[PDB]
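Just one chain is shown here, as C-alpha cells, and it is the form deposited without the named molecule.
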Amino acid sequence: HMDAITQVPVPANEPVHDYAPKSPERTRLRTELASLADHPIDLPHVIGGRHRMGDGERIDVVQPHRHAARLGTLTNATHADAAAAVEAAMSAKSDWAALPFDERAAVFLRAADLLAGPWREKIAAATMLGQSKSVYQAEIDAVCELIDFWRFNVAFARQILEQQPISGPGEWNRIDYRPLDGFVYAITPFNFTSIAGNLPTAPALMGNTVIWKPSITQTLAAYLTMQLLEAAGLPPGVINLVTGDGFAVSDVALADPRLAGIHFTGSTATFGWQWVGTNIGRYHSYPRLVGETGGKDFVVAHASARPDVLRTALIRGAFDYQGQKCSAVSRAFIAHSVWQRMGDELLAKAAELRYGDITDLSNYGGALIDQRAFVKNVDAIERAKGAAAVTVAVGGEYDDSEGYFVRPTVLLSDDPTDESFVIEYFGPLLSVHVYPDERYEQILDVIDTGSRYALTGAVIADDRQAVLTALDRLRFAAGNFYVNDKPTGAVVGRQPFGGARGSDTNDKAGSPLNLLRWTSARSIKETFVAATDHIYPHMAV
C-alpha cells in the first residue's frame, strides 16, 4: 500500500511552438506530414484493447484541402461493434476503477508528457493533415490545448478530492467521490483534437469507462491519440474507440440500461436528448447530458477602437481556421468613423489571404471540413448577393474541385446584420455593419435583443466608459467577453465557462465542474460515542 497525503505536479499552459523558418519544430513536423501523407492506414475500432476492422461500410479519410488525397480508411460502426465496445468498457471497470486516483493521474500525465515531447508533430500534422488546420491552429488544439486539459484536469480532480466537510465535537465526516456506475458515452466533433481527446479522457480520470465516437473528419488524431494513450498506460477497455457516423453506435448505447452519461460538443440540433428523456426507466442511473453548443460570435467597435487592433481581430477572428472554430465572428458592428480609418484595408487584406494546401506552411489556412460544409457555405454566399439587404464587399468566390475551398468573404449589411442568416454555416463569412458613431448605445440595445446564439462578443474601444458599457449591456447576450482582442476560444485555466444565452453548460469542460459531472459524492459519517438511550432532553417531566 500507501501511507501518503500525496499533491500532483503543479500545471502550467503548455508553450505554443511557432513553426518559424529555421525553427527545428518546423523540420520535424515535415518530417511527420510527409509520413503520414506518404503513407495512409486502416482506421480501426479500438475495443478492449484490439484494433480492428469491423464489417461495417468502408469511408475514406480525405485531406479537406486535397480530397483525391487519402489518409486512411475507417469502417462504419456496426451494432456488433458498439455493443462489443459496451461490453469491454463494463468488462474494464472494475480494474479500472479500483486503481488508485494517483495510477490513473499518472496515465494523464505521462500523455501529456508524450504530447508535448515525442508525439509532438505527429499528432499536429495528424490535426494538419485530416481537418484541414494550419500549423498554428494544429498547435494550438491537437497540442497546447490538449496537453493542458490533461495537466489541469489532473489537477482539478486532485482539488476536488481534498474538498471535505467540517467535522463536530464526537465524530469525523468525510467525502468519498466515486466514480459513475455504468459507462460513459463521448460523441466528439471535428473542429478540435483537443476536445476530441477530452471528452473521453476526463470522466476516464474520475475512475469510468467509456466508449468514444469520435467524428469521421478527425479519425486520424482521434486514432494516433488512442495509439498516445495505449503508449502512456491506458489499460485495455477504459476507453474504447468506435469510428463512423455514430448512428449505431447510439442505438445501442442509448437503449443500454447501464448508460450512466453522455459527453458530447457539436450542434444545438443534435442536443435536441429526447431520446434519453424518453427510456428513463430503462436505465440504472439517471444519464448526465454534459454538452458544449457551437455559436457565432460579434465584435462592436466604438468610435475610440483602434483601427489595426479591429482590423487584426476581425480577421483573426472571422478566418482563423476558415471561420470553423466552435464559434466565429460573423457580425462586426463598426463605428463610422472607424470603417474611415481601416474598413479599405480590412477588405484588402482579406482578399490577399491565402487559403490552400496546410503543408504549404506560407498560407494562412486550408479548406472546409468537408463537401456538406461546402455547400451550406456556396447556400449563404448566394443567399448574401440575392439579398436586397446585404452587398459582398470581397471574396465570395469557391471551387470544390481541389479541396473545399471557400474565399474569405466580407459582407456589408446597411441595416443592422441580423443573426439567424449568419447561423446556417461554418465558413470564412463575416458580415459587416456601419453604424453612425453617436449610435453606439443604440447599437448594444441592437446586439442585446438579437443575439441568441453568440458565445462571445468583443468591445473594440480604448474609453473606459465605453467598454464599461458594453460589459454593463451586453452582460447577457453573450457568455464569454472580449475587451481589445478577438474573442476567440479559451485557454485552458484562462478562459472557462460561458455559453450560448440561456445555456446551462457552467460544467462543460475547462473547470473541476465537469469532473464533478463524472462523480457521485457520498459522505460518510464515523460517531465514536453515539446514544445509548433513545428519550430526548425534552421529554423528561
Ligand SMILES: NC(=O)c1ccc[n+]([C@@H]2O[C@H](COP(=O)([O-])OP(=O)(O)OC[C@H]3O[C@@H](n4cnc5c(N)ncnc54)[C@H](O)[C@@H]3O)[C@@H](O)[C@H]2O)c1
Second form
Number of protein chains: 2
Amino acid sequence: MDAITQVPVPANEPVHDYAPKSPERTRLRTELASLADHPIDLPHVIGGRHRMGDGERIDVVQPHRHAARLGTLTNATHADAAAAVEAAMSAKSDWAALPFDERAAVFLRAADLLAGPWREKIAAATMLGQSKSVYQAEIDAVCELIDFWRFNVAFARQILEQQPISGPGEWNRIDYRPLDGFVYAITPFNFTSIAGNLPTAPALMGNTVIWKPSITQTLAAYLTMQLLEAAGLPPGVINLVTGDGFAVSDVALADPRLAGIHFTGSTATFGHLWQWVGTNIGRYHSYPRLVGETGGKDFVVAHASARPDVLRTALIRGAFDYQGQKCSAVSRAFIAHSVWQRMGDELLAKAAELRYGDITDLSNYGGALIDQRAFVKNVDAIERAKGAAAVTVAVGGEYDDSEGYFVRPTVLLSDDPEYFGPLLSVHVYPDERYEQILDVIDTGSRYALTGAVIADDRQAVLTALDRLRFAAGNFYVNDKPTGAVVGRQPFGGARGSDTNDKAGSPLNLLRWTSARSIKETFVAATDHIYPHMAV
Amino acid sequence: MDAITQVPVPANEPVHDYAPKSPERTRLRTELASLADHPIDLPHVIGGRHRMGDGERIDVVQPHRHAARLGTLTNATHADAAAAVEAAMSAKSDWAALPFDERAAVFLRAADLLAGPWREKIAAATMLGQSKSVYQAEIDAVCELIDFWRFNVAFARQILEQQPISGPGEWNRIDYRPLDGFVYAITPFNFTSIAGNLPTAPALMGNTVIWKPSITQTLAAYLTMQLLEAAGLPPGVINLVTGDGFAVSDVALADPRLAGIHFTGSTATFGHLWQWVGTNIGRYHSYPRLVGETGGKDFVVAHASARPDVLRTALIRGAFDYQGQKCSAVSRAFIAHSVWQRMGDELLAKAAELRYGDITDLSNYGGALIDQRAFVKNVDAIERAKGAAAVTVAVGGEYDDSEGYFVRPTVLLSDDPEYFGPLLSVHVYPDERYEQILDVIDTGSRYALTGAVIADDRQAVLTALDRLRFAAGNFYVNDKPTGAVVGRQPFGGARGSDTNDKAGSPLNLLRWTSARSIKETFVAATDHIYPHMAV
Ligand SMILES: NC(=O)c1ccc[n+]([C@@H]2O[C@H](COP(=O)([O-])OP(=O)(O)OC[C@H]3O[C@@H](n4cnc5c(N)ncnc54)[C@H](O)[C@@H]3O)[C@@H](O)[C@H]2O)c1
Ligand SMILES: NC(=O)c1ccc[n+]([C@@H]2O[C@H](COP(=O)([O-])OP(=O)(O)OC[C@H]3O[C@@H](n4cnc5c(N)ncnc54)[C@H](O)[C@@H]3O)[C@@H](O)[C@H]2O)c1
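Previous: the form deposited without the named molecule; requested now: the form deposited with the named molecule bound:
Following is the full complex, with the preceding chain placed first.
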C-alpha cells in the first residue's frame, strides 16, 4: 500500500418511525416473533468460540412479561474469565499489526450491517429484553450504535493526522500506539449502543478486550457479538463473558496485564472497581486507564416566558421515555406559577393516560422496569413519597409486578424547592423568584447530568446558561434534557466528574492509545563542544 | 466586543549562542554579577502579597560554590498554605470571568518580556541556582518557557474552536469551562520551564493555583512570579509557597476544593500524593485531575552502520549535558563492537577532558550536582560500580564536595547487556547480535523515557522503530534522546504511564477544563405521542 487514505465521511443515521403501513414495522414484527418464540442459549464468546460455561444458569426474560424467557446464560466462573484474558492477549499481536484501515473496515462494515439487514433484529432484541418501545430501541440499539461506529472511525482517523512541526534538519512524526495489556469493558442494562461501543472503541485503536455485559441486556449483546463476527471481527479481539461479573473482576483486576477499564453504570460499582484497582496498583505493568461514567438525575426550569405546550411535552418525554431508565431522566421540574396555571392540569391528565405495557403492542408509550430490583426501589420511592410531608402524589403511584415489572408514570408535587424510574417531582415557584430558584438549583445540585431551561425570553435563557454554568454537565434550551446524539451533544457527565474523555468525541479514543514522538535528525552534531565555550 | 478573534501564530523562540563578543554574553554577565552579589529574601507570594513566613529559614546557594548564598526562603507553615488556598479561591471569580483573550494576553506578554528585557536575568538566575551552563539555561529557562506560553495560548485557542455539528432545527455549541476548585502545582529543581508552565497552564484556562516550587529552583521561580506580575497576572491567580511542601500538602490534600494536582518529579513523590488523594477521595467536591510525570533513564543503541562521530557526540551530550540531571539522561549505551573500535578511545578521552566547574566561567561544559542529597547518591552509585564484578570504571569516578557538589563525567564498561548524575554505562555487543540486543532492551526496559538508534542503514532503523515500539516513550534516530522542543517532540513518558496529557500539546490544557454541550432547539415538539403509537 502506498497511500494517504481518507475514511468515509460520517453523518448521523436517520431514525425510522415505524409508522403503521411502513415496511420497517412489518420487518420488526417478524423479528419480534422470531426472538420471542425461539429462546436461545446465550453463551460466552471466547477466542471466537461460543460456549456455555459451568456457572449457574440464569434466565433472561421480557421485563414486561417475565414468564416469557428469551434465553439462558451461564454465570462466568473464574476459569471462564481466565480464558477470556488469555484469548485477548493471544489475539493482540495479529490485531495490533493490522493497518488502521483494515481495523476501521470492521466497524464500518458492522455499521452498514446494523443499518440494513440486522437493523430490526438488533432493535427487536433490545425491545424484548430491555423493555423499550420501538422508538427507544431505534434511537439507541440502531442509530446511536451505528453513529458510534462511523463517528469513532472518523475521530480515530482525525487523531492519526494530528502531527507535530518539523524543524530545519529533522523530521518529527507521532505514532499513536495501542495500549500494552487488555481492556476490561463493563456495560449497563439500559443502552445497547453503550454496550456495543465500550468494547469496540478501544478495539478500533488496536487493543483487545474482555466485555462483561449486563444480564438483562445480554440478548442484544450476544446478537451484537454475532454481528461483529459477520463484519470480520477476528477471534479473541473482543471476548464476551456473561453474568454478574463478580468472578470476571476477581481474575481481571488481579492480572498485571490490565491496561484499562471502560465502564458505564452506577457510582457504587464504579467506586468499588476504582478502589480495587487503586488497592492493587503495584501489581500492574502499566498504570490502568480508568474511563467511566456514572449516573445522575436531570432538571428542567421553566421561566414565566416558557411555552406551555413545549414544557409539558419536554416533561412527559424527559421523565417517562423508557420508563425513566436512561442515563438520567427528568426527575425535578421548577415551574413558574403562571405557566403551571396554563399546563399543570394537562400534564397531570396526560401522565394519567400514558400507556405502559407489552412493547410488542406498538400502541404503548413504553414498557416495564428492567428487573425485580428496579421494581422494588421504585415501590419504596413511591411509598416514601406517600409518607413524606413535603410531597403529594398528584397522579400515578400504582404498581403491579404480577405480569411484568410495571410502575405507572408518577408526578409528585413538592412545596419545597435514589432510584431510576418514571417519577417526576414538580415544584411550582412564584414567577418573580426565577433568580432565587436558579440559586437553589445551583446550591443543591451534585448529580445533574443535564439541565434545561424553557423560556422564550433571551435574557432569561442567558441568565440560566450563566448561573447554572457549573450546576449541570450539558445544558439544553427549549427542549428535554435527554437523548444526546453522537457528534452533536458530546460530554455531559455529572458535576465535578472527570468526563471530557467519555464516549462521543476523539478524546475517548486517545484514552486507548499511548502516543509517541519519533524524531529523525539528518545531519547531527559531530563535536560536543558548544559555542559559548569558545575562547 | 463583537469578534471571532485569532491569537498570534506561535513559532519556537530562537536559541542564543552567547558566543564571545556577542551582546547577549555581556548582558548575561551583568545579570550574573547582580544576582550573585546581592542575595535576597525569597518570600511567599500570596494574593499578590510578598511575605516571609514564620517557618524555618533555608538558604538557596550556588551548587557549584555552596558557600555563596543567592537568597533565603522560609518553609511554608500550615497557616501560609491555608492563606494560599483562600487567596486562590478568592481570585477565581474575577479571573474566570475575564474573556479568554485577556487571560491569553497575560501569557503572551510574559513571553515577550522573557524574550526581551528579562531574558538574561531569568537565564542568569537559572544558571546560578540550578548550576546550568548558559546553553542549558537558555534552552530551558528562556526558550522552552517562552514556547510553553505562546504554544499553550495557540493550543487553547484551537481547543475553543472544536465545536459539534448542528442538526436541522437546532444549534449545538461547546463551552470549555474551568474547573471548580483550586489547582496544586508542584515542580522539580531541574527545569525553570517546567516550573513556570505547571502553574500557568491551568491558569490560562481560567483556574487559580497554588504553586510549590523546588527549593533549589526558588530563585528563578520567584523571579518568574515577578515577571508574571509585570505581565499583568492578577493577585491570587497563582500563589507561590516556598519550602519542602510538606505543610502545603497537609492543607491542600485535605481541602475539599482541590480540583487537581499538576506535578513533575520523582515517582516516590508522585505515589505518595497519589495514594493520599485516593485515601481522601470521599472528601473532594470534584474528582481531582491528577496530571503528572515521573522520571526514567534513557538508552542509545548503535548499529554497525552508526556514524562514529555522531554516536560519540550523542553519548557525551546525552549523558553529560546538565550533569545528567534532566528528566532522563543517556544512562545505557549498546554499541556494536566494530563501531566501538572506531570511537571508544575518543569517547573516553573526551569524557576525561570535559570541564565541569563554576558556570560563571562560560568555558565550562557544565556545573555541579544540585545539592548534597544528589551528591551522596552519585558517590554511592560510583562506589557500587567500583565494587560490582559486572562493571569497570573506564574514566571518571572522582568527586569532591568541598567547594561545590562536583562529580566528574563517568563511563562504566559493562560486559552484561537509581540516581541522576553524569554516569554512562556502555555495553559493547558483537555486530551480528543487533536483533538480540534489541530484545534485551525490550525485555529489561520499564523506565526509558526516550531511546535512540544510531544507524545509516534504513533496515536497521525500521527494525529499531518496530521492535522497540513499546520499550520507550519517544524514540530518536541519529541523535541524542534528550531535549524535546515544544510543538516538535510531544509526549515521551515512561512505559505503561498515562502521559498523553503531559505538557506540550492541547491535551494537557483539556485536563484543566470541563467541557459542556449547549443545545438550543428552535421549534420543539408540542405533543408527546410518537409516530409508532398511531392506530
Ligand atoms: N452517565 C451515563 O452516561 C450513564 C449511561 C447509562 C447508565 N448510567 C448509569 O448506570 C446505572 C444504570 O445501569 P446498571 O444498573 O446496569 O448499573 P450497575 O452499576 O448496576 O451495573 C453496571 C454493570 O456492572 C456490572 N457489575 C456490577 N458489579 C460488578 C463487578 N463487581 N464486577 C464486574 N461487573 C460488575 C453489572 O452486571 C452491569 O453489567 C444508573 O445509575 C445510570 O445512571 C449512566
Ligand atoms: N518526566 C519528566 O518530564 C521529568 C521532568 C523533570 C524531572 N523529572 C523527574 O523528577 C526528578 C527530578 O526532580 P526532583 O528531585 O525535584 O523530584 P522530587 O520528587 O524530589 O521533588 C519534586 C517536587 O516535589 C516537592 N515535594 C516532595 N514531596 C512533597 C510533598 N509531600 N508535598 C509537596 N511537595 C513535595 C519537592 O520539594 C519538589 O518541589 C527525577 O526523578 C526526574 O526524572 C521528570
